[PDB]
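Let's start with one chain on its own, the form deposited without the named molecule, as structure tokens.
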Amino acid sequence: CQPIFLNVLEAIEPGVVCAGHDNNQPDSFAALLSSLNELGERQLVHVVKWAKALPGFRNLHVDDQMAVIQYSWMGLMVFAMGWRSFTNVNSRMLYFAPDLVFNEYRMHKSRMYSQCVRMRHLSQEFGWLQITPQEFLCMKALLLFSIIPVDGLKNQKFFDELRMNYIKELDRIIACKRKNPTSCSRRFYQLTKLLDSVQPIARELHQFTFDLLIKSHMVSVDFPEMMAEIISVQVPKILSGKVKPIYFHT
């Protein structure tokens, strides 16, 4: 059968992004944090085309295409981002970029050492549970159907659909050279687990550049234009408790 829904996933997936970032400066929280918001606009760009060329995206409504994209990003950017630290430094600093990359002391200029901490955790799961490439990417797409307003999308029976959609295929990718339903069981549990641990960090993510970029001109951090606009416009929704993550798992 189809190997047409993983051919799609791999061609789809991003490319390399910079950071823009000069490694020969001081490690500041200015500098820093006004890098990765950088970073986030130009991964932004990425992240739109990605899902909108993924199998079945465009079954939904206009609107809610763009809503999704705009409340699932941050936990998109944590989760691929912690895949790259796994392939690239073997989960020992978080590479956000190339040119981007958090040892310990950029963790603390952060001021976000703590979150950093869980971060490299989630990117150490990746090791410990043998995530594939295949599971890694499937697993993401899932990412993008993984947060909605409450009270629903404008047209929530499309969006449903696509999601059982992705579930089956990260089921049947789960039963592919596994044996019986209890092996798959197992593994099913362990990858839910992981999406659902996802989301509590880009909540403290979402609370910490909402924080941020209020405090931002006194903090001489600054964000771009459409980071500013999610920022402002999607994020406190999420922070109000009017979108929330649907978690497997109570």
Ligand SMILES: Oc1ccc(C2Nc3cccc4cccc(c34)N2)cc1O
Contents of the next structure:
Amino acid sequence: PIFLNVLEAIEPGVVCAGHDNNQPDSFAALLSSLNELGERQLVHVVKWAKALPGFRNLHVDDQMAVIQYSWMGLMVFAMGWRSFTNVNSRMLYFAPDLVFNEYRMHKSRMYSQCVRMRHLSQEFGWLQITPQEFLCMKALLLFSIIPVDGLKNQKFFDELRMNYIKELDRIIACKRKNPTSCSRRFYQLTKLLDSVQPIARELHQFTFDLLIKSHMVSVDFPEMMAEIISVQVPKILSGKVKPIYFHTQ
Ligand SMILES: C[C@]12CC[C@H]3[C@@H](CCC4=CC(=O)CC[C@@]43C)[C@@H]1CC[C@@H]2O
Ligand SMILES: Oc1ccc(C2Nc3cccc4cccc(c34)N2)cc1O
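Can I have the other form now, the form deposited with the named molecule bound, not the form deposited without the named molecule?
Below, the chain from earlier opens the complete complex, with every other chain and molecule after it.
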């Protein structure tokens, strides 16, 4: 249970958005708080990524790259898990102080993306995802998006990712008998994981589009979000960096 003990030990606690719930729900106010929340969650993502088994064996530029590419997917997934465990997926639980009901979903102007996020959230319920399956899936999301012409040390990346797939396959296969059950299950979970990607990508277009018009629309982006969204996110939009799918889309 060593790999699982570590994944349960390094898991972030609650991150607050710092949203002032006494302000009226406006676009400016909702998206600036989401942006601050993304910025706060980045600090914790960085510290979590670095405590992961084998992570520091990656080349150091590569460690920065996988995090600056995959943060959107990791946070969407974790948020869907929080929504599921806290409000049985009925609303989007970004943070204790920034929970979206239907009105916030409309005012944020991301209503259809929110719907797709609630759908992802509900799959945790429909699939009866266990906390152990959750933590191994989210660890893998870290290794699920890279540049098309490879990382600085692609071989070390490939080995690591292989090992994360094997740990997920093992977290399933601890507790099952005569096995159509075990294939069907791995199939289900690799389908859930592939499904995070098109969602992440919608939110990549959205937040890029917003950063560009952010002065016209009084939305604040803090230091790191603004930098990652202008430097790394367009490499995803332009197709220089692409998700690693299990099944072909
Ligand atoms: C990227 C973004 C700010 C950060 C958001 C993102 C939507 C999903 C998301 C979920 C979280 O739980 C952390 C914040 C993030 C990562 C927002 C959509 C537009 C906005 O600019
Ligand atoms: O080897 C390393 C790999 C990634 C990082 C790392 N990656 C980051 C991405 C985005 C924002 C950051 C802000 C502060 C520190 C970081 C960031 N640190 C630091 C390292 O020293």
